[PDB]
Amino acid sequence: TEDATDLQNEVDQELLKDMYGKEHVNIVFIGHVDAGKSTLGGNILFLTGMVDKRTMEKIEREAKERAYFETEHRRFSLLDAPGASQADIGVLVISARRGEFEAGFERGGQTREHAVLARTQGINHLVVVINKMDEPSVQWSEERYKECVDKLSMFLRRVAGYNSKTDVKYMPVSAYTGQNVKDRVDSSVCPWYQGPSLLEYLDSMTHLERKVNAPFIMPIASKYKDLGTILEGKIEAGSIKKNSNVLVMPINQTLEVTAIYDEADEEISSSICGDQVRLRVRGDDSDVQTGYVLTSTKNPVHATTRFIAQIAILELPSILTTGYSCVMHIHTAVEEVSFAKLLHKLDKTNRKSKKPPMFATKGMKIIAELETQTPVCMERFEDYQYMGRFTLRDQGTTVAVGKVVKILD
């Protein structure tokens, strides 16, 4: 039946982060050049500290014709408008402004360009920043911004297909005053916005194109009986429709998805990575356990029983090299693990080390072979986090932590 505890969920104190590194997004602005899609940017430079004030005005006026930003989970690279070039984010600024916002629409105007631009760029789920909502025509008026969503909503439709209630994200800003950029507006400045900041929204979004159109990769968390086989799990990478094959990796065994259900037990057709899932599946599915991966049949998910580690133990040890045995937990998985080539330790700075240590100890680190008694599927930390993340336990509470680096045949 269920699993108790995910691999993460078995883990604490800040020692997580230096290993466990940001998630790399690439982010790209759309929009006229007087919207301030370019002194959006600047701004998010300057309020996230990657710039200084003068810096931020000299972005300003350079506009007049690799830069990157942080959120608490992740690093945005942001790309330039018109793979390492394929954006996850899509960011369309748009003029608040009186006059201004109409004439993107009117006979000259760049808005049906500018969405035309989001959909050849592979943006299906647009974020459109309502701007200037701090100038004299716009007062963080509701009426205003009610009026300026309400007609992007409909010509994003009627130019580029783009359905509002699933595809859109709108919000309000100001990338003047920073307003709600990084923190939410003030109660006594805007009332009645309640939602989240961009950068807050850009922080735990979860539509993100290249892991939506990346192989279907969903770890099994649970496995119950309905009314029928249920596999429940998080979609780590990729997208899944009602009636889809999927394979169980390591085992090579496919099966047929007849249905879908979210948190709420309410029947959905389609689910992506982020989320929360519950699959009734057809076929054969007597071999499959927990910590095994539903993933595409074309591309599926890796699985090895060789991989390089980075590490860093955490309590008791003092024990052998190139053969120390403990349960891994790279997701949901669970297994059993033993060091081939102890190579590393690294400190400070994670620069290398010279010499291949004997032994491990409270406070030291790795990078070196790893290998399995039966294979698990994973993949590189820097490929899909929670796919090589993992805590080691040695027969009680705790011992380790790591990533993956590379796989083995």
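Positions refer to the first chain, counted from 1. Take the two forms, find the largest set of C-alpha atoms that superpose within 1.5 Å, and that set is the rigid core. First, how it differs from the form deposited with ligand GDP bound.
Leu15 is not among the residues whose C-alpha shifts by 2 Å or more between these two forms once the rigid core is aligned; its shift stays under 2 Å.
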Second form
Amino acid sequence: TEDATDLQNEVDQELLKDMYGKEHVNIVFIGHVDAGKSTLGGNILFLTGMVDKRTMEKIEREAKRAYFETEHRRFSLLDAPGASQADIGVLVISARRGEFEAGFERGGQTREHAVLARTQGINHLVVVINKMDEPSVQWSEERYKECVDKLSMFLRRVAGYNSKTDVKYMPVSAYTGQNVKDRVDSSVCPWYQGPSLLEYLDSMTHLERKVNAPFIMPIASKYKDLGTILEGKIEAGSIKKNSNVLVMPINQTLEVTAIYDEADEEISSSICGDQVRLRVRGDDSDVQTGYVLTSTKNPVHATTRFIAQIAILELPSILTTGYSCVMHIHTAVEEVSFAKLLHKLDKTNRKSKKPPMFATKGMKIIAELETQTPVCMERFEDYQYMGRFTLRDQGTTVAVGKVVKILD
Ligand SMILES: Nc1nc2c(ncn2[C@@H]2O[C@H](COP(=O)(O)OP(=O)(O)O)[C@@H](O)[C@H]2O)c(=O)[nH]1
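Next, report the structure of the form deposited with ligand GDP bound; the form deposited without ligand GDP has already been given.
All chains and molecules follow, beginning with the one already shown.
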């Protein structure tokens, strides 16, 4: 009834590189006159190894396509006023006395900023309470609570943000870097419990473009309860309740009726990133794990022929085409066969001028694969986990790869 590992057999040797790039995210930074935007930005580029001290200092004085990286993502900074939409919107608010307060008055532009965000499609606003080090504020839990509560009422009032479930507040010092890359030390701020800014940014689940994409949730387990329970990780989009999903590749319709979190509570909705357990009405006689629950308008793709970069780990090593094993792309489990060894690879992913007649261990290649049955997938590029597979020679492992192109 269930799936042990969602090709989490991808463990062993960190060669997961060049072929499994980091997640491309689009972040924008919003804030007042001297809120700290430029310093915050610069310090992140430096603290995160993108730039040197001089460059840092250069950038910051001249602000008066860049990008940074965390463990699992690459963030591309966008201007203030497809890859045009922000995934994340960071409002930078100064915690200094006089500056903070200035914002919420005739002169100040904070209400404008909340509306700007809203217009830009930011429904999960990240609010950074900057300058917690500045003498007028020295990491006082009271100053922090003062700012956060004013912002709570304010943002709900002028732009509808519900601070309990929409806005994430965070204290930082853009100048000293405290709570930017690394959490603030207890000796400096005994009270803060959460993560640093980049920690949150690296793990944070609500990415606008992805939340707004079509729904995709590979079925990881089918089992009974008050009826059938399809369940897995939502990989894109969002799911409501008493709303119809499509089952691919079979193209059969169904209706969600309950959503249960990892603590089995009947919620009304979840988004991408969440690990949920659904329940549905409809003929699920042909439904099985591996298949993908998706939007009825732009459903996930399914094909039988596609292209893909691969890397052999330890197979007996030989012959082009043919070779049949067991692919795993997200929970599907499917007999796949080589069908046109097109290019080889090496060191600095070049390509290949002499299409091999076969492959071997320690040889990464690209080739047209084939399945008798169609399997749901997408380009890693577009939906990483929907294009991340591992091959398996009848028991043992063999290779691992990503899909690059869908062939009709
Ligand atoms: N005390 C202190 N000063 C800061 C901090 N962050 C920014 N500032 C100062 O506040 C001013 C804001 O300018 P900037 O950092 O460029 O913010 P921007 O004008 O929005 O780009 C600068 O003079 C910074 O030195 C901080 O965390 N602590």
